[PDB]
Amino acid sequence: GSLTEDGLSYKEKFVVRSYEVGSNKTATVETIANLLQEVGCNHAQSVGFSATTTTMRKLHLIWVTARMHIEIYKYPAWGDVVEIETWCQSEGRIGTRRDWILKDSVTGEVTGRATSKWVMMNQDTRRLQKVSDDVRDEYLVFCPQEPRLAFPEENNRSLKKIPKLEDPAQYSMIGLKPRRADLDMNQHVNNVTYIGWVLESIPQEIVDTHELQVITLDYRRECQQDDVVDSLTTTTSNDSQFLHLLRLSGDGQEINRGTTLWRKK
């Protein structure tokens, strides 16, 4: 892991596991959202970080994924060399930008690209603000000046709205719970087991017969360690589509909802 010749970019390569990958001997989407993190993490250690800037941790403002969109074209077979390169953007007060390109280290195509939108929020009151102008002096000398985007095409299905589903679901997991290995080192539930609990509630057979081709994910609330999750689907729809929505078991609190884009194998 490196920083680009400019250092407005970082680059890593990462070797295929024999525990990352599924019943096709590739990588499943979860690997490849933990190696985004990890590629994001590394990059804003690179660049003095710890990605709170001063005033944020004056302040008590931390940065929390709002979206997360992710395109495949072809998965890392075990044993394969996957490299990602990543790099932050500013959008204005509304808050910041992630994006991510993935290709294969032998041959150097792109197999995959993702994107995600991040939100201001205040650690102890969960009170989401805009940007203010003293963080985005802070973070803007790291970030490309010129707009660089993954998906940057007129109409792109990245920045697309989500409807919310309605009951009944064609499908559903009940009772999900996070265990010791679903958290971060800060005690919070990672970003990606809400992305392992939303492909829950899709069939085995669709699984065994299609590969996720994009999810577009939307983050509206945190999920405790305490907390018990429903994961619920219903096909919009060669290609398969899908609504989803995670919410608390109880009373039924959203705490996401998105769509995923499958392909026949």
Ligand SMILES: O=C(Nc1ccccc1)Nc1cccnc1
Given for the second form:
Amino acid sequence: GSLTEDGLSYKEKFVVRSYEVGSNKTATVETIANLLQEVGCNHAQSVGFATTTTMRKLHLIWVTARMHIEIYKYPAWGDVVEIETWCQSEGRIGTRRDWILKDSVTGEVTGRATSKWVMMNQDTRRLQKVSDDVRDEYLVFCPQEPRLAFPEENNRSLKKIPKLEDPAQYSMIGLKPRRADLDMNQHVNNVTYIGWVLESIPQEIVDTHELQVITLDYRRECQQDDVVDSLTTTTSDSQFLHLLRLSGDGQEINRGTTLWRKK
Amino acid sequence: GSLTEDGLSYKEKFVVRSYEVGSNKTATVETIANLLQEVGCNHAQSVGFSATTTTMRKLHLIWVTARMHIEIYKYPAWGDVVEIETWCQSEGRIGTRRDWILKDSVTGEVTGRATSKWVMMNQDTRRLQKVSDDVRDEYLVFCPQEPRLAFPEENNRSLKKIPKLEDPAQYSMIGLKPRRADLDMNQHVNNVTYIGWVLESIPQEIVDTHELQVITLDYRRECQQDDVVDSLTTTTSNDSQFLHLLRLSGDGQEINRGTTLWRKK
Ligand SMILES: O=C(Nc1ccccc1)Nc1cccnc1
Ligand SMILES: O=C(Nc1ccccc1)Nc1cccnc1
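Form solved in complex with this ligand structure, per the form deposited without this ligand context:
Every chain and every other molecule in the complex is listed next, the one we just looked at coming first.
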């Protein structure tokens, strides 16, 4: 990987692996999400970072509040996928990380993603506004003019998500993370939540349709010893409403929507 | 990746990813196992497989793992480049063996090694069988003729019998189920997922104070995507050794058995 000529974005090529593909011999949305997370970490490494000289002195961390991914063509096993990522301040609210996925051979855009990040004290777990020091050190690595992966005014990534009303049409109960689901800080990987949302989608849908759009809100983090229940109801192409909650008290951890197109 | 000058082995370099590392900022044994499986697939692709031969496809025969043995000396850190070399070898009518050598791309030193035993099986009836002459000749043109062993030692750890864990287990992890990310392109549970399930019942205090050095895993039965697994562990022993057992949550049907050797950090 490498930063572009202007230093305001980062590019990396990936060869799709045999264990990264699904039943259609193409990469899964979780493999795609892992790659967006990989190019995001390599972009932060190349510019001297989530950890900053001001966030580290205050014990502040960036936490995902929302993820939106739109895939037009999933790369096949052995294909090369080029990803371009960049950051942007959004005033005091937080930061946004956007991605463009391209087919390395044709140059065609095959996907796009956007994510919203909020500040939080790592010890207290309390949300915060972005102060003037972290904002100043971020604007040196970000384009000053707005650069949006989803430019459309009032697009799908900015739409509110309702709460699934019981009873759910479909469900997957007793979902638990294992060590491969944790990251280097022993926290559940944000990609694992995507897979848990999708566990309650019927296999008949997965076999006849392809995932086109997914929007995921992150409300609470699941601890390594927590148990999750994934719920799904058809709202309609096929559209679904999703809800992740703790198996016991019913505490909400995530909510989302998925759009699927017939193969 | 590319086949070596002689065409009897395959080499591929891998940059270790941020999501592939554990609490020690180094690659997990499951990430390592996924990479051995990746270079194994790219070796089969480069020599003309789809990893079945023409005779195997005509008879509905597939290769199934019977045993996996991995020994790691140094786990590659996040961002490091790891070079892996793999090769196959016939073992008469018993089956085939795939061996690997892991090296640090910068220094050239060997940081790990692995060996695996594969048996022939009819994909439809699930019945195991001996390797026929025609199959043996088809892959011998891609294998070294002189023996080349990743674990050369006459009495080595990869050829030792594994006993069955006697109840009650010292530690346990119950209700382990595969999700879609645990299945492969044929909708079968990925053989690496079994390694993670074995390790789920190892205490977290062992994982935090020790490092996994050796793991031997026998594969007895395949877990279906709708099956539920129970992982069991008992300490058999500075180093720590464990006995492992994977079985179906209900009837107790055995799917895997193994051993792990851990050394103090
Ligand atoms: O992109 C990230 N997470 C993610 C991506 C896709 C889906 C779910 C989660 N993480 C990240 C970390 C450090 C810097 N930039 C990004
Ligand atoms: O070696 C393989 N699997 C594996 C590796 C390490 C641990 C567990 C499983 N797969 C494979 C498939 C086709 C050709 N060569 C190798």
